[PDB]
Amino acid sequence: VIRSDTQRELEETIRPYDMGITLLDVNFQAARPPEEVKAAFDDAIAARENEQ
Amino acid sequence: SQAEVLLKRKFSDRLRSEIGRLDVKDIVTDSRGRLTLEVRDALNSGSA
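Order-wise, the sequence lines are chains A and B. So the first sequence is numbered by the numbering used here: it starts at 20 and just counts up by one. So the second sequence is numbered by the numbering used here: it starts at 12 and just counts up by one.
Since the hints were derived computationally from the structure, they do not count as laboratory data. Note that the Cβ used here is the ideal one computed from N, Cα and C, for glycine as well. Check the hints yourself; a few may be wrong.
For each label pair, taking beta carbons as the anchor points, the in silico distance ranges come out as [claimed, not checked]:
#1 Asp61(A) x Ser58(B): 19 to 27 Å
#2 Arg67(A) x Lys19(B): 31 to 39 Å
#3 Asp61(A) x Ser12(B): 13 to 21 Å
A few chain B positions that, by computed beta-carbon distances, are all more than 10 Å from chain A [claimed, not checked]:
#4 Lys19
#5 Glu29
#6 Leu33
#7 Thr40
#8 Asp41
#9 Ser42
#10 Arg45
#11 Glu49
#12 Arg51
#13 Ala53
#14 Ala59
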């Protein structure tokens, strides 16, 4: 959904400028949390392992 | 390039749906050309 809506918004935004560029494709790469909470997230993963 | 990109997008969406339908054991133990054949004949036709 994020990729589809991003592509739609990007082509709609590009259209008024009337540049020669045609939007071939937009693809999602990563949705990581910020670095300050990366420790909290991977600690949650470690706790999930630590239970077993 | 444009055709390759379109193929990537369509196949990725179809495979994501199919692999979301199944679990890890069904896609790891016994594929036997079942998920892959479904993806192939869903690409060659308008099946969804």
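Going through the hints against the structure:
The hint said 19 to 27 Å for the Cβ distance between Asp61(A) and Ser58(B), and at roughly 41 Å that hint is violated. Distance hint check for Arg67(A) and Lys19(B): the Cβ-Cβ separation is about 33 Å, which falls inside the suggested range of 31 to 39 Å. Separation of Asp61(A) from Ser12(B) is about 38 Å and departs from the stated range, judged on CB atoms against 13 to 21 Å. For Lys19(B), the non-interface assignment is contradicted: its Cβ lies about 8 Å from the closest Cβ of chain A, within the 10 Å cut-off.
For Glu29(B), the requirement that its beta carbon stay farther than 10 Å from each beta carbon of chain A is met, with the minimum near 18 Å. Consistency note on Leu33(B): stated as away from chain A, and its beta-carbon is indeed over 10 Å from all of that chain's, at 21 Å minimum. Its beta-carbon lying about 22 Å from the closest one in chain A, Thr40(B) satisfies the requirement of being farther than 10 Å from that chain. The non-interface label for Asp41(B) is consistent with chain A: the shortest C-beta to C-beta separation is roughly 27 Å, beyond 10 Å.
Listed as a non-interface residue, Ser42(B) keeps its Cβ farther than 10 Å from every Cβ of chain A; the least gap is roughly 26 Å. The non-interface label for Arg45(B) is consistent with chain A: the shortest C-beta to C-beta separation is roughly 27 Å, beyond 10 Å. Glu49(B), annotated as away from the interface, keeps every beta carbon of chain A farther than 10 Å; the closest lies near 23 Å. Every Cβ of chain A is farther than 10 Å from the Cβ of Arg51(B); the closest lies at roughly 22 Å, confirming the non-interface assignment.
Non-interface call for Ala53(B) relative to chain A: holds, since the shortest CB-CB distance, roughly 19 Å, exceeds 10 Å. Remark: the non-interface label on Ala59(B) is consistent with the geometry, its nearest Cβ contact in chain A lying 15 Å away (cut-off 10 Å).
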